[PDB]
Structures are given as structure tokens and as C-alpha cells.
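Listed next as C-alpha cells is one chain, alone, in the form deposited in one PDB entry.
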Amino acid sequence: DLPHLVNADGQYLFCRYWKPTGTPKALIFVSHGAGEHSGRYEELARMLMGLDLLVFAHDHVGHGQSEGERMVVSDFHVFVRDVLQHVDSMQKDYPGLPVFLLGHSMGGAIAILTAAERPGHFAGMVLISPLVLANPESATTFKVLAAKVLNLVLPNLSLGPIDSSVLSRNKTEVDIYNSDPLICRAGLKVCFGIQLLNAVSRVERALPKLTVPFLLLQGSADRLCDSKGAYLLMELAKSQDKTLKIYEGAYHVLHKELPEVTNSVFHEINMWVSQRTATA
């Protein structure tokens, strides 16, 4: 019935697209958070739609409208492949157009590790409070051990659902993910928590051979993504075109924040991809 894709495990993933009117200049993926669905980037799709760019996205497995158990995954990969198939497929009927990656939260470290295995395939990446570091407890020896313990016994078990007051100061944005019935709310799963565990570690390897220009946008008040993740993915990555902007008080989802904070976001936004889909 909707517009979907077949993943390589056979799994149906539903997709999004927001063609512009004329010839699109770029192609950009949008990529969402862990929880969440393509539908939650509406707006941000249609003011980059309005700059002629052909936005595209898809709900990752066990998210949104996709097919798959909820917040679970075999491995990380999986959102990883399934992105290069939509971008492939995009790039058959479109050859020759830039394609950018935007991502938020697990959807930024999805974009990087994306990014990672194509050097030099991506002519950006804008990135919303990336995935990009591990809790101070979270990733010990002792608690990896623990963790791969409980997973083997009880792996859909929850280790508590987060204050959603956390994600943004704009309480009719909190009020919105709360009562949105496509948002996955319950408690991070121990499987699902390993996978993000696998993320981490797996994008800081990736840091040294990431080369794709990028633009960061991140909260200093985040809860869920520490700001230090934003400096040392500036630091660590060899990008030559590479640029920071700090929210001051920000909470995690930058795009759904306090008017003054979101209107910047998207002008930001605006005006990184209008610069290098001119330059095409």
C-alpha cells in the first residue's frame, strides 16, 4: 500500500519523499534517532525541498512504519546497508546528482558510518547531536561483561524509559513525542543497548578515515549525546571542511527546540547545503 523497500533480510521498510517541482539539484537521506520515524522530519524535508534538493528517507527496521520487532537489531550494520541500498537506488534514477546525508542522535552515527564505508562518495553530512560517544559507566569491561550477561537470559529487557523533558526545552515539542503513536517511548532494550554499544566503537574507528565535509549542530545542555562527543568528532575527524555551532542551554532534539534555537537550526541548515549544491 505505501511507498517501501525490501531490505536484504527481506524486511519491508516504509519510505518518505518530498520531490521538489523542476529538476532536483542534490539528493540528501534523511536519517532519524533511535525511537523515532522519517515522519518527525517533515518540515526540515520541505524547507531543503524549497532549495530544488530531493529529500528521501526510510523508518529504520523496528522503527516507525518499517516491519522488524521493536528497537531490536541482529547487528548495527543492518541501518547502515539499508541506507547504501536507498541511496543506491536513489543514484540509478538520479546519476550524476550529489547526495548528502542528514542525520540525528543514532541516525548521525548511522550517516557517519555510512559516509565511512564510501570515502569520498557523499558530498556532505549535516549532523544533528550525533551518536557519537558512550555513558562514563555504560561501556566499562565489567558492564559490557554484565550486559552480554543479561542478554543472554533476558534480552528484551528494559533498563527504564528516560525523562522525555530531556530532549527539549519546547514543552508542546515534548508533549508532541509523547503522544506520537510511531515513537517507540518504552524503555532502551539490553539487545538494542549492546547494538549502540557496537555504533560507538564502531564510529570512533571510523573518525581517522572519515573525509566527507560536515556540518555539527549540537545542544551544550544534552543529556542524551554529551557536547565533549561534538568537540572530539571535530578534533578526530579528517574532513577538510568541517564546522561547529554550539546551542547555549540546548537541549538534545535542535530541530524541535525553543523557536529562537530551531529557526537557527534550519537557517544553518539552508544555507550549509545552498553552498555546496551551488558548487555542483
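Definition used throughout: the rigid core is the maximal C-alpha set that superposes within 1.5 Å between two forms. Numbering follows the first chain given and starts at 1. First, how it differs from the form deposited in another entry.
- Fit the rigid core and compare the CA positions between these two forms: of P95, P181, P136, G120, just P136 moves by 2 angstroms or more.
- Shown in the overlay between these two forms, fitted on the rigid core, is a CA shift at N151 of 2 Å or greater.
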The other form holds:
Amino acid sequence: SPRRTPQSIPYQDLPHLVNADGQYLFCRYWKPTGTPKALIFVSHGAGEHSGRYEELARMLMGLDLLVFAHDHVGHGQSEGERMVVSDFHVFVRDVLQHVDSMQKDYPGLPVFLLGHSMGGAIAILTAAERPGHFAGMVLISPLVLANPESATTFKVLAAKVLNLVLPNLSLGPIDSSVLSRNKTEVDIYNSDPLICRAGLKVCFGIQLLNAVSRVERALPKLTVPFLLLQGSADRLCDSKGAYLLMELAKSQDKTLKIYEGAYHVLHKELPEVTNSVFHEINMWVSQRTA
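Switching conditions: you have the form deposited in one PDB entry, so give me the form deposited in another entry.
Partners and other molecules have been left off, which leaves just the chain.
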């Protein structure tokens, strides 16, 4: 039988790639009409998928960048049991595979990363593993600090004990109202059949804790240029992580923009925040491309 997405579409009808574990990843491209000035890989977050980046990708394609993405293993249209991963490094390894294939097709072009949330921790670990390789990185509320509520030192020991006894135990889903003050965007998030809203497995919560620990160790070697966008009222990726990244990263070109009162999903927030987000990414990437 032909391999199919978890929603039953054959992979032969869709852009895709097969990762080092033999799993199909669904791919997405936004190619400008002329010769692109650069490439940019878009890295989505936990439980979501690459289709959520449609409008940001069209803005980047308008600047003559060739934008590319895939659904991470266990997400959207890609294979894998939902929101589980054998080790968080699989995500970084699969971004590097896709980046290496796209650079072979477009030799000499500069390559940028854009990541949101978990996809921001993936973009940081990707750039840390290949110092001097990426021209820049745009981070929207990246996962950098264990959550002050869900991951105190006691709760982290508790998660490690649960992981030994019930790795497959499912924990409760997040309150969707903490994602954005924009009600329409909360409603779109609640009705997208490609989003996993089932709730965190303990073994995946451990992989997210490995991401935070790895990002912390990688910051003193991070030299890539970056733009960091963060909401002051983010209950998922606490704004303290954003200040810590600005302080410990060794990058010579680093910028932080704080959105006062904004929640987690900045690029899907109140129109006043979203418009400044798209404009700030547009100016930052346009100054660093030619």
C-alpha cells in the first residue's frame, strides 16, 4: 500500500521527505517568481504544524526569500505517534537534513531560521550545532526556560519519576485562552484538525525538559545574528527566558522586542501586535539580505 499521512492522504500526492529513521515528513514551500536572495526554514511549535505560517511565509516570499518548512515528526501531516519523539535531537537532525537538501539545490544562498515556541528551541540547537553556517535567526517566544508553574524543581523530579513508571501517561491540555488575546485566533487554533490538543505525554514533557537543558548549555556558543520577539504576559514561555537569551548568547548581532501585555502567539495576537511583528521581521530580514 502507498504510505499515507495520518489524515489518509498518500505522500505521493504531497511534497515530502523521508527522515533518517525512515519516517515521512510533510514539506511546505513558498518559492518567489525570480531567483531568491536567500532561503529561510520555518520551525513550528509543539502540537501545531507548518500550515499555521502561511501569512508570515507569504510576507517573506514578497521579500524574495524562498521559504521552506516541514511538519516535525509526530505533528501535522508527518508520520509518528502524536507529540512523542525518541529524543529531542531528532527534530534538529531532521531540520539539518532539509536545510542540506535545499542548499544543494540553491548553492551560495544565505540560509535563515525562523522558530516559534518549541520550534524556537529547535532553531537555537540547529544554529548551535553548525556555528557560522546560518545568516540569522528570528525567534518568536522561543522555548528557553522551564515553565515557572508546571516545572518547579519538585515537578521536574516528579516528571522524571513518572517517566520511569508511566512514560505514556497523558497530562492535561493547556488552556487555549493563554495563547493569544485575539479571540478569533484562539477559535482558529481550537478548530484546526491538524493541531494536536490531546495533552502532553510524560515522555514528551521529559524531551521538552532535555530541550531547555540543551538550549542553556548551547547559549555560550551561540553566535548567529538574531531577532527575539517576546510577550510580557506569556504564561507558556516566560519572558525571563527571553532576557536570559539576550544576556548569555555570544552573538554580536542581537535584538529584543517586548510586547507589553501580549500572550504567547505573537504573530496571531491582537492586530496592533501582529502588524508590528510582521513589520519588525520584514525590516530585520530585508536589512540582512540583498
